[PDB]
Structure formats: structure tokens, C-alpha cells
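First comes one chain, alone, set out as C-alpha cells in the form deposited without this ligand.
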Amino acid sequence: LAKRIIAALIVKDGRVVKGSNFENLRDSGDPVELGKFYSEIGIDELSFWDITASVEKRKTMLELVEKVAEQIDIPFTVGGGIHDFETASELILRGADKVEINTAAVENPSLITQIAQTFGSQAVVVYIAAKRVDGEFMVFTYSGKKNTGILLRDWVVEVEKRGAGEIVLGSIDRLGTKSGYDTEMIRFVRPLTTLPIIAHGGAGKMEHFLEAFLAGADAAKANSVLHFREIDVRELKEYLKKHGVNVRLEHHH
């Protein structure tokens, strides 16, 4: 239960969408070189979310995990339109440690069980995008476009029951705002599940990570605050360790 800092990269056609400000890199838009650099400066895990056009997407995501696996040694997750078991299977076999699923899991919760029955619960990360509606936390699918009418409280319990290994708790209310993590939502979800909770949405400064870990998150997912170097990963882990947060600062056949 060392808290984990996870760098999330949005990719498309093998490119980091909107790149990064790491001028030391030969290609600041290369997801492989950027992920490698993050792994060398103390990021605990990587997460790739692909938005490639559907006709090149399958081959594009497979090339990605193959190139990432050969270069990095820390765990990484791949996600973005993973709709069924066979797609998840080929991605894990080709190099990914874990797959991240949202819409397809909501529409068919047995998909969680199906992947976990071959690859283990530890390979199945369920992203839950939630938002306050009429005083209740609701589950949203299709990139935030559809209110499922399903309560966050009910979906969290079902997700663990179906055999998921971890939950990314994404607050639509906070996505892109730099205003902080939705600690009220994290605190709401924490007593409902024994699974690791990965906070996503709202990161803006180092103090937001402290607040998220106080609220009960086991990991924090960060995107542009890292790529645009508004927060430094090394400074962040120094800060969290300084204030009591257990973070890490240091082959089968």
C-alpha cells in the first residue's frame, strides 16, 4: 500500500496527443520515449488511452503495447474502446500488463469476469466516470455523453463482485479543471470496495495529491500537469514523503 503516481498519456496514431514539454527528448510526442523517461524519473505506472480511428485502431494499439513493453519495465495499462475479450486478450499477450475498460463493462459486466478468468483480476482495471446528478453520483458512459441511470454506489459494488482488480474513479465534474481531485467522491467510494482506487480528474498542484491520498485513494492518475511540467514527479514524491505519504522514492518463462 505504497501510494502510486501514474502518468496517463492520450495517444492517437502512435503519437502523444498534444505532446509534452520535455525538450531533452528526441521526440517529445513519442509515447514510447516519453513513457520510458517517466519510468526513469520515478513514475510508478503508465496508462495509455488510445483514440485512433476505428479502422487502424486495433493494429495501432497492438503496435503501441509491443513497443512500450520492450522499453519499459514498470507496469502499464492500455485502454480506449476495448469492447470484448479477444481485443483485451491480444493486447495483454502483446505486452500490456492491464487493460482499462469502461463503456463495454457497463453494458456487459460479465466482460470483467471473462478477462479476469484468463488473465487474473489484477489485469482488469475498470474506469468509472461519475458525475453528480440531482444530488446523486451517477455512472456515465461513452466519454461522458450518456447518463446510465446507474448509481455509482451500485456499480462499484458490482464491479468488485464481477472480479475487477482496480478501479479508476474519474470525476467528470473535475476533468480538465486543475481545481483538485474530487475528494468527496473518493471518500464516498472508499468504504464500498476493498479494491485499489485510482483517482482521476482535477489535478493541478502537488497538494491535490496529498488531499487525494488522505481521502483514501491508493493511486493518483495525472495527465497534462505532468506533460506540461506544471508538477515535477520527483518534487511531488519528495513533497508527499515529507508529509507522511508512503511513496516509493527509489522474469518468468
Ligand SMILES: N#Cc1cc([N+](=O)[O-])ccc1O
Contents of the next structure:
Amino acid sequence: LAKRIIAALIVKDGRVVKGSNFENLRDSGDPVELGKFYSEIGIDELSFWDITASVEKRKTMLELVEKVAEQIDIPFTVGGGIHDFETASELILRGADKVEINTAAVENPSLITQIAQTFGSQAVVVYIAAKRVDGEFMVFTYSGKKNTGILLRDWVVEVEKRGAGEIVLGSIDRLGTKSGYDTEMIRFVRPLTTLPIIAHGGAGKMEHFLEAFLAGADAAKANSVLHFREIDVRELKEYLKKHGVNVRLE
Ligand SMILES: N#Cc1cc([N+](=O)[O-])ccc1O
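Starting from the form deposited without this ligand, produce the coordinates for the form solved in complex with this ligand.
Following is the full complex, with the preceding chain placed first.
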């Protein structure tokens, strides 16, 4: 099917961490207004990652999803510290289409199945953070702090078996570098799963997205290259379409 461009917003206390360069916005740090604007210029989905302190986090994330769902019509995912079914459930019911889990899934893979049994596989996005270690792709948890010793290859297969709907494949080797998506890692994972693969980490220019889709990604997730306007969403989709990639032009 079509390839998808997904804008990722890191949020804290209801604000976009580090804001954006869209001077047309009344508040370029408002994640609702920014998300709405992205939906109007051709982003396919949104992804919110919350890093609010724990005393206010639960209510803060629920307020976010409720305000977002009112304003946008495209799918969105919420994540950041979702550790159990009840937390995932309250966020979906309040408006999110999908939840994104990582550390809690690795520690308890049945969490994937629990959420999927009530909300469907299509509501469960597993973020897999992976890095090369001694020549093998290994899975990392706790914001990259912990080498689990689980092979990427084995965790991909288990994630699909447990009922996840999509995988975000984040390359710790590329996060924050603007040097390109980790196409070798994407090509490594592609034959191991039938699920949609969302590339994350390393985006710096339009050609990087073409490369990631040639590697077999179904979607590409990007952050500051969009918010700081190093890449324009409408230029990006026109570029991808020109070179043969099936993207939706609204
Ligand atoms: N979506 C997302 C996302 C997830 C993680 N993460 O699961 O560490 C980090 C940054 C992100 O933008």
C-alpha cells in the first residue's frame, strides 16, 4: 500500500519540547495546534511521546489525547511510560488510535496481547530500539540505557507472534545524527515480519526517506527535521512521488 510520513512530537506538561519554527502558528509550542497544522499540510499520522513527571503524567497525557482527538481527523499514536493495560486502555478510550510501548513490552510481552485482545492488533505499536553490539543487532530498553541481550531478530518475531500491529524500528546508532535512516537495519528486519515497519532515527534530508522506503519501510517517522523546517512535508511528498514512491497527496 501507500508509504506514510509520520510526524513525532516530544511533549512535556502539554508543551512541544523545543517547539517549532512555524511562525504562522499562534503558539508554535502548542502540540495541538502544531499537530493540527501538520494534518492540514499532508502528514499521514501523528505520534506523541510524553516525558511529563510522574505525579502529573497520567492526567497530562489524558488531557493531551482528548484535545488532540477533537482537532485532528488523521490517526495518532501516544506513548511514553505506558507500562500496563489500564494506562493503555484509558488513553485509547479518551481518544488515541494507537499506543506505543517499548520497555514494558520487553519486560512483559503478554502486555502486547492484553492490549490487542480488547483494542485489536492495529491499536498496538511496539517501538524497538536497536543497536549494533559486537556485530549483532541487540534490543535496548530504558531510553537506550540497558542492553537486554535479546537479539533484534528474535524480538521482532516474538512481537508479531504476541499480536502487535506495527513496529517502529529505532536505530540508536542514528538517533539525533541527521546522517540517514539505518537502511541496513531496516533491510535486516524486513524479511522477519509481515507487520508494517516504521523507520525512526537519522532523518536529515528528503533523499533519506526514499532510501528508507527502498529498504522496505512502510512509514518513516521524523521529529526536529520537520519542526525546525529543514524538510517541508509538501516538498517531501512531491519528491517521493516524483521518484516512484506511492505516497498520498492529501
Ligand atoms: N514515537 C516515538 C518515540 C519513541 C521513543 N522511544 O520509545 O524511546 C523515543 C522518541 C520518540 O519520538
